[PDB]
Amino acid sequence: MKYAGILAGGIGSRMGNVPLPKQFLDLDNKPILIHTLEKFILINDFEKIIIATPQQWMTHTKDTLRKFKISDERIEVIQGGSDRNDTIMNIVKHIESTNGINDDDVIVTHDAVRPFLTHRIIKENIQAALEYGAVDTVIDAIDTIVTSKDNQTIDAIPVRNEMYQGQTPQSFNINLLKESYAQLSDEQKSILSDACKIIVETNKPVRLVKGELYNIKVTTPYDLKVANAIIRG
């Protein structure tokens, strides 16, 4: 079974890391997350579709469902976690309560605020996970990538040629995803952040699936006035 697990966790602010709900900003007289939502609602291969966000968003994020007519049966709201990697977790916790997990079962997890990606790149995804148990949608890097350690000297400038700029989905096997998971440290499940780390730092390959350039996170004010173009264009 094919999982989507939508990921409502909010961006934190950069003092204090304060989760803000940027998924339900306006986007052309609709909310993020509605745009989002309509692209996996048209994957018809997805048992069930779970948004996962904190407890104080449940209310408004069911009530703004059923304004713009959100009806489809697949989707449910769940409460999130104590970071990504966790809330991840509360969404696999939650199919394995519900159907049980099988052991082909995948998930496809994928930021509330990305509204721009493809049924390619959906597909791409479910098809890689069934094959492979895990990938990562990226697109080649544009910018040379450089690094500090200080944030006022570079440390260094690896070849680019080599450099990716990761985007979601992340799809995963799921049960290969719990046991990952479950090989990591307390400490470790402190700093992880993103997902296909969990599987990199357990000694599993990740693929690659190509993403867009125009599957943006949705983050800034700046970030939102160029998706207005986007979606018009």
Given for the second form:
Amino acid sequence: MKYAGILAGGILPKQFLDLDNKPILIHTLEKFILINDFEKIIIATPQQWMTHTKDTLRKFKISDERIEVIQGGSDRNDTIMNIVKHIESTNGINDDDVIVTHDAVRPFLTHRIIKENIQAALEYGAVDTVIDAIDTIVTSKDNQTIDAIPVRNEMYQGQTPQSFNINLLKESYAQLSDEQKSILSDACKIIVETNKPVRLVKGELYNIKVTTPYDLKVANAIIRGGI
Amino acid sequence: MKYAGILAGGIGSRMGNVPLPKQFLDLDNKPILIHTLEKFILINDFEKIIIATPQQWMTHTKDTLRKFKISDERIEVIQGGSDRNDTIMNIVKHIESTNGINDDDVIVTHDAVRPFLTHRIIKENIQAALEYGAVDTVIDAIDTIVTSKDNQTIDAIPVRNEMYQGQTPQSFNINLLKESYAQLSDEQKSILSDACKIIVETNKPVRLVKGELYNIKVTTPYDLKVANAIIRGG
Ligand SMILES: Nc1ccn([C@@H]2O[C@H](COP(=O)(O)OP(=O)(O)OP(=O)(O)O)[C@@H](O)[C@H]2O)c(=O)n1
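Having seen the form deposited without cytidine-5'-triphosphate, please provide the structure of the form solved in complex with cytidine-5'-triphosphate.
After this comes the whole thing, all chains and molecules, with the earlier chain placed first.
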């Protein structure tokens, strides 16, 4: 079975800001609603915003019975595991279950990205949505001087969705210590650190994350430009 | 002395590595190249602003300078090289044959299609190059960076706090860059697309100067639409 997990547990908080007279969260959700194969599309948000989010869905005439709003966690991976735990306590986990986890503030993902994510999770178990690194990547351990500059052709910018077999995600995450979880910049590293493969799905240059005011200006350009 | 080297070699196509003259595309009724140059003319401390571009584009570059009334006596157009680093060295060699290199000379090298750099970025580059010899303009990674050696599976996912997206300008004390570059083999002349990697690979420090989220490289139609937004709005 196929599940969507829309991650709105972050901090008016950026996931509810208006983008073209419709909240960013709604733009993303609309993309997930058009996929009929999700058994449930689970939105996780902070406790104080859950009823407000449900109300905002009602405001935009979205009544799809597949949508459930749940309480998120204290960090991003805590939120993903909250969604899996909700699934486990509601439906139980099937051996073939997959979860498509996705940033609420990335409203410009496409049908193709979701379908490739779904298919990639079913076939290989774990997948990251990426594009070729737009810049040369440079590293630093002191924030003052370069430590290393890797070969540019091996570098990718991680985006979302990130998609997983639910049992694989649960068991892998269960293996990590609290310190090992302290560094995880994303969810796919849970899998990498537990020595299972993570597949690549190509994103889009316009699949941006709205985290600064600049990103909202770029997003407005993306929407008015139709892309 | 302080020199600017504006790198106008084009943007290579995935298949063929054909140079496309993206710097001549229109951004609000002025070529991208003209916006970038206008940013450099405002820095009074530059002794020369040398644009190096392929031989086949030099006349059109000069014609474009004329059409947009760019009359600054410091602007000069020269022939570029076989790759980005060879073009940088074409600029260095031109400086040496014209004025001669001083021990304190620095060169601020910059992508022609990065028109949104700021006065602060340029001044900080100059100061950092004078004091420390080598500088990369960078921003904190916003995305998690992931690696792949086969374009199919992840190889590693490093700590995001240590990852940065490199931009330009990249600025160097000229004799230092020359000495470091002179240390590289003919083979390493092919891999190193980046100019700061010359220095890193030759075991000299490179300072970080922080860039801007909007200091984008205008290389795609998508990037061009966003650039039109950035420009119209500030
Ligand atoms: N405990 C958390 C933290 C983040 N996210 C979501 O992960 C996505 C990525 O946003 P990010 O860049 O990681 O930043 P935030 O943690 O949301 O907030 P800040 O801008 O302060 O970093 C966001 O949609 C966020 O809502 C989440 O679901 N639960």
